[PDB]
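Chemist: Construct the complete structure from the given sequences, taking the supplied hints into account.
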Amino acid sequence: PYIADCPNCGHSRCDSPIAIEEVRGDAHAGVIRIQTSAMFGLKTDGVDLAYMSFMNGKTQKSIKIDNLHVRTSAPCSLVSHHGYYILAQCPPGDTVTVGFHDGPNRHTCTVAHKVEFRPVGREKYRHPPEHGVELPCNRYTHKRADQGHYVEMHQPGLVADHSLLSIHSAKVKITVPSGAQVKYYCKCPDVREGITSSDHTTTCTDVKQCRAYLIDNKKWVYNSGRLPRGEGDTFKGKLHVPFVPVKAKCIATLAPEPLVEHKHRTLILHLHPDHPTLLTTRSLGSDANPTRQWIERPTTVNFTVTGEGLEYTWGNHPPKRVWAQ
Amino acid sequence: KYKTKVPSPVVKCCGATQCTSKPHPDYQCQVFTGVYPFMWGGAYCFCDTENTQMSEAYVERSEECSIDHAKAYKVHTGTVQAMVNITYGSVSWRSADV
Amino acid sequence: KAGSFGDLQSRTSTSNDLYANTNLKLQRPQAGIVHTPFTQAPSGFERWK
Amino acid sequence: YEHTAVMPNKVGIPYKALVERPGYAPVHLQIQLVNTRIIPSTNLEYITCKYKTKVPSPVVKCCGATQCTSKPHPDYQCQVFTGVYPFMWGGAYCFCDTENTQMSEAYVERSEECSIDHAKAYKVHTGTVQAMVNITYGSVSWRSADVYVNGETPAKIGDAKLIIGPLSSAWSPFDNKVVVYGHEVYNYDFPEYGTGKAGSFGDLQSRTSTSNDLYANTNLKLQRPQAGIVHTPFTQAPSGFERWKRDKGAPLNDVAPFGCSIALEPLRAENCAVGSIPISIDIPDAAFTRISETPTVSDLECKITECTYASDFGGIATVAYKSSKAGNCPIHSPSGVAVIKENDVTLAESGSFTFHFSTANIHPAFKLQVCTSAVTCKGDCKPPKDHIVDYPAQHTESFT
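Protein chains in written order, with our numbering: chain L, 1 to 325; chain C, 1001 to 1098; chain W, 2001 to 2049; chain V, 3001 to 3400.
It should be emphasised that the hints constitute simulated quantities derived from the structure, not laboratory data. Every residue gets a Cβ at the ideal spot worked out from N, C-alpha and C, and that includes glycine. Hints may be right or wrong, so weigh each one.
Said to hold, decoys possible - List of simulated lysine-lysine pairs, DSS-like, C-alpha gap at most 25 Å:
#: 1; chain 1: C; residue 1: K1005; chain 2: L; residue 2: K238
#: 2; chain 1: C; residue 1: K1022; chain 2: L; residue 2: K238
#: 3; chain 1: L; residue 1: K43; chain 2: L; residue 2: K58
#: 4; chain 1: V; residue 1: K3156; chain 2: C; residue 2: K1005
#: 5; chain 1: C; residue 1: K1003; chain 2: C; residue 2: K1071
#: 6; chain 1: V; residue 1: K3161; chain 2: C; residue 2: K1071
#: 7; chain 1: L; residue 1: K236; chain 2: L; residue 2: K219
#: 8; chain 1: L; residue 1: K219; chain 2: C; residue 2: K1012
#: 9; chain 1: L; residue 1: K219; chain 2: C; residue 2: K1071
Claimed, not checked - Taking CB as the label site, the calculated pair distances span:
#: 10; chain 1: V; residue 1: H3395; chain 2: L; residue 2: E311; range: 54 to 62 Å
#: 11; chain 1: W; residue 1: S2004; chain 2: L; residue 2: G10; range: 36 to 44 Å
#: 12; chain 1: W; residue 1: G2006; chain 2: V; residue 2: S3200; range: 47 to 55 Å
#: 13; chain 1: L; residue 1: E311; chain 2: C; residue 2: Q1081; range: 18 to 26 Å
#: 14; chain 1: C; residue 1: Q1081; chain 2: V; residue 2: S3200; range: 45 to 53 Å
#: 15; chain 1: C; residue 1: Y1073; chain 2: L; residue 2: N67; range: 46 to 54 Å
#: 16; chain 1: V; residue 1: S3141; chain 2: L; residue 2: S163; range: 53 to 61 Å
#: 17; chain 1: C; residue 1: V1080; chain 2: L; residue 2: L42; range: 55 to 63 Å
#: 18; chain 1: W; residue 1: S2004; chain 2: V; residue 2: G3199; range: 54 to 62 Å
Claimed, not checked - Which chain L residues face chain C? A few, computed with CB under 7 Å, are given here:
#: 19; residue: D26
#: 20; residue: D48
#: 21; residue: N138
#: 22; residue: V159
#: 23; residue: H162
#: 24; residue: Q209
#: 25; residue: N223
#: 26; residue: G225
#: 27; residue: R229
Modeler: Have a look at this one:
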C-alpha cells in the first residue's frame, strides 16, 4: 500500500496512504475508477478482497474495510476494489473526496477533478434512470479477472523515517525495520552510504541533519507521480489493471414521446421533455437541411417537411420518419 | 484523450540531476532546484537549495483509447451493395447480396 | 494542435509511437513538497464530445 | 522561413535547395526522394487460379436408375448414365446389361496451388503516395524518414518538420481494374467475380482462398464412360489461369508509363518519376547559423574551367573566393540551369575552391549564391562521348 502526498487532506497537504491519483470521470455510468496509493484487497498475505491494507508507519495495516467513503458533491457508491484501485458510482462533482475510517481517526483524502456523467444518448440527463432503452455506453467492470491493460509497477524509492534517528545518549542513533537497507550519512563527515543494521553516528549529533532513509524494496509500488524514484534501476513488476473500460450497454436514457400534430407539409410538434434532449432531423432531399437543438424547456417547434420525407429523432428514442405529401 | 501517466520524479538531495530527452511520446521533462520536499517526515533532503527535483511526464494512450476513441479516415469512393429481394414471377423468392 | 482535435494521434491502438501535441508543460512543485505539476490542455478528444 | 518549394518528382537524385531566411545565415537543403511508393486504395475482388476437377467417385447401380440431384458444390456437374457393363477387376460386376446405371458427378474446386500460385483481381482507386525521404540536412547531415504526399502531413523524424505535396501528377499507373500474379502486375480488365467465361481468365473465381463458395464457369461437361468400364469422362476447358500464364499480356513493371516499378507487397508502384511536388519544410531554428558568423564572400569571381555539357557532374568552375572570416559557406544555384554536387564549400581567408556541377545550356549563365553572395558563372560547355549508364543529375532541359 503506497503512501503519497494528499493535496487537501482534511486540513491541508498531508501524506495519506489513500492519496488519490488518476481520477477518471471519463465513463458514462455514474462510475469513476480511482487509484488510491493504498492497496486494499486481500490482506498482507492471502485472504478476503473485502479487507483493508493501508500504510501506517513504515508498516501496513491489513484489516477490515469497515467504513470506506468515496464522495464528491454527494456521497458516492462503492462498486468494487482490487489492488490499489477502486471503482465507485459517483454523481458529478467539481472535486473527488475519498476516505475510510480506521476507527480512531477519520483519515481521509481529497482531490480536484472535473467530473460529469453524460449518459450515452441525445438526452443530457444528470443521472441514470430505472428504465429506458439500452445502448452502447462506456463503463468499467465489476470484476478483477482482468488483463486488458497493465501499468508499470516497479519498486519504491526510499522514504523518510525520522523515528529511526534516535539518540545514543550523545550521538544520533539510526535503527532498522527488520534488517532493511537504511541509506545514511549526515551533513558532517561520518558513514557515507548506509547499508547496515542499526548504526550510530560518530560525527553529527542533531537528528535534523541526517539521512533517515528506507530502501525497503521487498514489495514494488504503483509508479505515482508522488513517488520518489528508486534510483538504482527499473525493476520488474508489470501489473495489470482490473477496471478496464468495457462496452457495457448501460441501462440508459429515454425522453417522453412527442405530440405529433399535422399541418400542410409541416410538423407542428408540441414537445415536453424530462431533460435537455438533442433533437435533430434530416430532410431527405439531396438538400439535407438538418437541424440541431438541445431541448430542455418544453417547446412547440416546426419542421417544413418536403414531399419525399423527413426523419425525426426524439432523443435516443428511435428515429421516426414521415410522408408529407 | 491522453493520460499524463507521469513517471515518478527524481529527487537528488544535494546537487543537480540533468534530464535527457527520452523518446517517450511528448516526453516533457524539466529539472528543478530549490525544493525541500516534505515526504512523511517533514523534508528529507538535508540541503536547502541544492535539493533538486527532476520532473518528467510523457503522454500515453488512455485505456479508453482502445475502446472509446475517435477514428480518422481518408475516404475514397469504393463500391455500393444491396440485399436485393426479388420475389420473382412465380419463383417468388431470392434475397441476394449484390 | 493541442486542445484541438487530434492532440493525441496514434496510428492504431497497438501503435506505441504517436504524436502528442498536448502543450504539456511541467511546473515546479510548490513549497518543498513532492508532486508533479503537469499543466496541460485537456484533450481535443474531451472536447469533440 | 518555412521553405516552400515546388520540386520535381524524380527518385534518385537530391534537390539541394537553399533556405533564404532574412536575418541569419542561409542553409542548403539536400532533398532526395529516395522512393515514390504509391499504395493506391484497392479491394480484393476475387482470387482466381486453375481449377481441379476433383471428381467424386461415381455411383454404379447395377439394375435400374439412380436419379442425380444438383448438389451445391461449385459447378456441380452431374449426369446419370445407363447402358454400361463396368469392367472392374473381375470383368464386369453388375449382372444386368442395360439397367446397369452409372451416375457421374464432378464439381470444380480450388487447386492446392490456388492458395499460393494464383492470380488476383482488384478494383483499384487512387490512395496516397509515400517516400523514405533522406535529407542529409545542413549540418544535421541526416534523416531518412518515411513520409506522405498529402499537403498537410508533417513527419518530425530527425528535427525538421516537412510537408509534401499533394503532387500534381495524378497518373496512377495502375488502371481501375488490375490483375496481380506473384510479382507480375497486369492492369487487366478482368471480367468480374461471378461471370468469367470458361477458358477465359477467371473461369474459377473465388473471393479469397478460404472462401468455399466461388464461381466456376468451366463448361464442365461429363460424358458417359466407354464400353462398360469404370471411369469419368470430364470434358472441360483447361483453365483461364493456365492460359494467362503463357498467352498473357506483359507486366506493368514492363509496360507502364512515366517510370514505375512494382511489388506484390502493399501494392505500391515505386519511383514513379512524373511531375512536381510542392514541398515545404519548417527547419529547426537552432540548426540555423546566425548571419554574423559565416564569412561574407563578396568581391569574388567565378568562372568555369572545363564545363561538360552533360548529366554527370562534369561541369566545374573555380571561384575566386573573397572571404571575411574563414569557414564553411553553403552554395546553390537558385536558377535550375545548374545542379551542383557540393552543398557546402570550406573557405580559408579568401582562397579559391572549385566545385562540380552539370547543365543543359551551351552557355550556362547561372547565378551561384555562395552564402549570400550571388555571381554569374558564365561560360561554355563541351559535349561528352560515353552515354550508356543509369539516370542523370541534370534533369533541367529547357530551351537552349
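Chemist: Now, for every hint given, state plainly whether the structure supports it.
Modeler: The hints, checked one at a time:
Our distance criterion of 25 Å between C-alpha atoms is met by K1005 (chain C) and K238 (chain L), whose separation comes to about 15 Å. For a cut-off of 25 Å, the pair hint linking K1022 (chain C) to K238 (chain L) stands: about 20 Å separates their Cα positions. This hinted pair checks out: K43 (chain L) and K58 (chain L) have alpha carbons roughly 16 Å apart, not beyond 25 Å. At roughly 23 Å between alpha-carbon atoms, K3156 (chain V) and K1005 (chain C) fall within 25 Å of each other, so this suggested pair holds.
Taking the CA atoms of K1003 (chain C) and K1071 (chain C), the gap is near 18 Å; set against the 25 Å cutoff, the hint holds. As the CA atoms of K3161 (chain V) and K1071 (chain C) are separated by approximately 24 Å, the hinted pair is consistent with the 25 Å bound. Taken as a hint, the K236 (chain L) and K219 (chain L) pair is honoured in the structure, with Cα atoms around 11 Å apart against an allowance of 25 Å. A C-alpha spacing of about 23 Å is found between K219 (chain L) and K1012 (chain C), which places the hinted pair at or below 25 Å, so the restraint holds.
Taking the CA atoms of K219 (chain L) and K1071 (chain C), the gap is near 40 Å; set against the 25 Å cutoff, the hint is violated. One distance hint, 54 to 62 Å for the beta-carbon pair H3395 (chain V) and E311 (chain L), holds here, with the actual separation near 58 Å. Take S2004 (chain W) and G10 (chain L): their Cβ atoms lie about 39 Å apart, and the range 36 to 44 Å holds. A beta carbon spacing of about 49 Å between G2006 (chain W) and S3200 (chain V) agrees with the range 47 to 55 Å that was offered as a hint.
Checked against the hint of 18 to 26 Å, the C-beta distance between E311 (chain L) and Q1081 (chain C) comes to roughly 22 Å, which is consistent with it. Between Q1081 (chain C) and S3200 (chain V) the CB atoms are about 26 Å apart, so this pair departs from the stated range of 45 to 53 Å. The supplied range of 46 to 54 Å is met by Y1073 (chain C) and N67 (chain L), whose beta-carbon atoms lie about 51 Å from each other. Between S3141 (chain V) and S163 (chain L) the Cβ separation comes to about 58 Å, which falls inside the hinted range of 53 to 61 Å.
Taken as a hint, the range 55 to 63 Å holds for the pair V1080 (chain C) and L42 (chain L), whose Cβ atoms sit roughly 57 Å apart. For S2004 (chain W) and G3199 (chain V), the hinted distance range of 54 to 62 Å is satisfied, since their beta carbons lie about 59 Å from each other. Using the Cβ-Cβ criterion of 7 Å, the hint placing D26 (chain L) at the interface with chain C is satisfied: the shortest such distance is roughly 6 Å. Interface restraint check: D48 (chain L) against chain C, minimum CB-CB distance 27 Å, threshold 7 Å, status violated.
Among the interface hints, the one on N138 (chain L) holds; its C-beta lies about 5 Å from the nearest C-beta in chain C, closer than the 7 Å criterion. Of the supplied interface hints, the one on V159 (chain L) holds, with its beta-carbon coming within about 6 Å of a beta-carbon of chain C, less than 7 Å. With its C-beta approaching chain C no nearer than about 4 Å, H162 (chain L) sits inside the 7 Å limit, and its interface hint holds. With a least beta-carbon distance of about 6 Å to chain C, the hint placing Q209 (chain L) at the interface is held under the 7 Å criterion.
Evaluation of the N223 (chain L) hint against chain C yields a held restraint, the C-beta minimum of about 5 Å falling below 7 Å. Annotation: interface hint on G225 (chain L) holds; nearest CB of chain C at approximately 4 Å, less than 7 Å. At its closest, the beta carbon of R229 (chain L) sits 5 Å from a beta carbon of chain C; the interface hint therefore holds under the 7 Å criterion.
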